[PDB]
Amino acid sequence: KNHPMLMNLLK
Amino acid sequence: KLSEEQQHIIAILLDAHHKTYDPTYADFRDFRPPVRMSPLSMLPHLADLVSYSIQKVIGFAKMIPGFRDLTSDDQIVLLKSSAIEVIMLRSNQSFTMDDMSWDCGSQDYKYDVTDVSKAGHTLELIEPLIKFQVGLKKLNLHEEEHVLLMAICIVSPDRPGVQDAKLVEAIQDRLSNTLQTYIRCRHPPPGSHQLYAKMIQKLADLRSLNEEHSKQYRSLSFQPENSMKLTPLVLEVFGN
Ligand SMILES: C=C1[C@H](O)CC(=C/C=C2\CCC[C@]3(C)[C@@H]([C@H](C)CC#C[C@@H](O)[C@]45C[C@H]6C[C@H](C[C@H](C6)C4)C5)CC[C@@H]23)C[C@H]1O
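If you read the protein sequences in the order shown, they are chains A and B. Here the first sequence stands for residues 520 to 530, where the numbers follow the working numbering. Here the second sequence stands for residues 89 to 328, where the numbers follow the working numbering.
Chain A extracted, bound-state conformation:
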């Protein structure tokens, strides 16, 4: 579903 925010916070 592509999670931009969750993605950035995990990066």
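These are computed hints drawn from the structure, not numbers from a lab. No residue lacks a Cβ here, since even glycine has one placed at the ideal position from N, Cα and C. All the given hints hold, so there is nothing to weed out.
In silico contact screen, one side only, chain B against chain A (beta carbon under 8 angstroms); selected entries:
hint, residue
1, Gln-143
2, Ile-146
3, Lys-150
4, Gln-163
5, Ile-164
6, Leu-167
7, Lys-168
8, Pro-320
9, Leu-321
10, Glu-324
11, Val-325
Starting from the known structure of chain A, fit chain B with the ligand onto it as the hints suggest.
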């Protein structure tokens, strides 16, 4: 026992928790003001609290030894499914059996069953939620067991959508053995009687709580009026 690697895993998790849980709850002042007076008056405040908590749970997860080795997508799948569970779990620290409420410093930030209902939930979730807090509080976990249980909750192989299920299991197993061993060597009887099996049971109770959470969220977000009152991260993590 408690090998060298296990004492390390516990030291890491204790610090990771410390770096992501402020027991003075000072940032709560940034959240939209709570309103305890149309219902759903606590939705904006609690939406913010939860949103804040999701961010902290994420920061905790990234420090779980082994978690960083998982793929991008598996990290995402484990966080999206455990977020609400780790928030319930981690909230046990502010929960008090004195009056069955989560006390975070001041009256403004002291939450009880009525505030929860003013967020859109019924006894469907609240009754078992308080039951959960009470059974968890009674276990009187050492902070070591507390952080280990949260990490084990995050790294669970059965979360649907998981791909590298065996890798997740390997990471979680390493955490379980660290917890099982810590209980035997560090937790003295009687408090250690069945302690592990009781802790695992709490993870099952959380599966039930998550389920109820999800159903009511579907009904809440069912109306953009309420969905519009959430935050971007909450919408992304719980569903958009
Ligand atoms: C820093 C801390 C402190 O221990 C204080 C904490 C206390 C936890 C509390 C007291 C307030 C109400 C909390 C969030 C419960 C919430 C309302 C149960 C739920 C749920 C979700 O369905 C949902 C959470 C938000 C508000 C609303 C719309 C949407 C965003 C989805 C309900 C679960 C744990 C409870 C959270 C922890 O992270």
